[PDB]
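Given next, in structure tokens, is a single chain: the form solved without the partner chain.
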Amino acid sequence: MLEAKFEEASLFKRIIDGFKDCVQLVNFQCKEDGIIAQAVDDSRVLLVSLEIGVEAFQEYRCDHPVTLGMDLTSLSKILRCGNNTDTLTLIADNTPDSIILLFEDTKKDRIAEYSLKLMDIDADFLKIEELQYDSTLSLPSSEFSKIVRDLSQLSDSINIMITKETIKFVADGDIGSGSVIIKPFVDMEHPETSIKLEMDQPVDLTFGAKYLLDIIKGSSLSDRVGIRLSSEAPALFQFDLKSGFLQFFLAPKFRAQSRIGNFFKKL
């Protein structure tokens, strides 16, 4: 038996929005420490990884570990039934063939109970390699999605280059090219805006703009994206949650598109 209550239903909606469009059929495995999910797009270059701590809920309790296979686009149909600020409680049984979503309003005399039919999804789970990154940076999610959205008009590839307190996004395509250069700074007056490069080695990696355009959809979960780049492993884009996170692992282009399985092996 599972009983997870979100203080505001919009949170679980913003989370699910964060990686539908990249993958549609996801296994949500509910443990007693929270809910985790992992999924790889059909091109095998982008790996979504979800972690929600018990702490992120108003109340959470999972008797046994349970796997909830869900179609994200049908789940998001249900998740638009909220009143944005409603009490969303995910509830399920022992060997559930369906989960229940119970939207509660504070005004009471008003409760809505939706049932999502579950699905059997084969689970290819890939151990995420504990690895050190050459250059880890952090910037407001707001400005990153604007950098990505601008340059993707110009090319199918965006390149990230970290050199000595220089972060350089470049896109070169048929109609032309673009550069946006940002340098690390703290503005304590309003500190939710610092660019924090930390560079061991310089890194020059190129990614498909299409995957980055799906990654920036996680911006609705955190004020700042943390990006961690390594010369020869997938890049980590991370949006931080109340006490979990949404992580996109992006196989870079070396430029041949490499696949995420060339770094991460099955369980």
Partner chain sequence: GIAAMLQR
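Numbering follows the first chain given and starts at 1. We call the rigid core whatever largest set of C-alpha positions still superposes within 1.5 Å between the two forms. Compared with the form deposited with the partner chain bound:
A 2 Å or larger CA shift between the two forms, after fitting on the rigid core, occurs at just one of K127, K77, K164, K117, namely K127.
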Given for the second form:
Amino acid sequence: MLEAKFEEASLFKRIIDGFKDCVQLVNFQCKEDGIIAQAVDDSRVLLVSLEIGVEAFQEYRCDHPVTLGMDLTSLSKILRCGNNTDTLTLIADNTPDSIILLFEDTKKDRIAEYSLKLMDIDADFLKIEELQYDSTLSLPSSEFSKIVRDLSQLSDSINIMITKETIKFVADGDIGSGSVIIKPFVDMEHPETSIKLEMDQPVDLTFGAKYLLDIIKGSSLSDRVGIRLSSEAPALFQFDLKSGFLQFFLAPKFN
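Right, and the form deposited with the partner chain bound of this protein, after the form solved without the partner chain?
No partners, no molecules, just the chain.
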């Protein structure tokens, strides 16, 4: 058996909502220390990696490793089915045909029990060894989201350019071009609005706006986004959870 209870049901929906577009069939691998999940999209340029630690649940039991594969389209149909104030519990038996999602209300009344049929999928889980990156930055999700959404309107490619104490996003297309230049700053009133930057080397990478427009959906999980770039290597966009993360590894464009 697996019994994992999220304190708020909403969290699981938001988690799935960051992946849900950009990758439809995914294997969730539960074990003693939490659940992890990985998937690559059909064009093989974007890898999504999920890690929910035990500390993110209010109760968690997993007596034996269990892989449960689900269609996320199906799963998110069932996750418009509890209030953002019910508890959600995932329940699975040994070698399961199906996953149970149990939504329960605080006043002992209104149980919603859903049984979702599972799927058979090819489990290429990758031990991703932390690379070192030429640059690291973190900024508000919403700000990053707005930058990407705005520049997308000018082209299918967005170029991220890092120099010392300067981050520059640029898009260039048929109607014209645009650039957003933001500078590191720490505001003590609310340090969630801070923009931070660690640069070893300058970097200059270009990415598909199609992919950035799916990545920015991680904003449902976190106030902030971490972006790690290097010129050799795929970029990491990371959204932190309470004891976990959702990561997106995106291949740059050769131009």
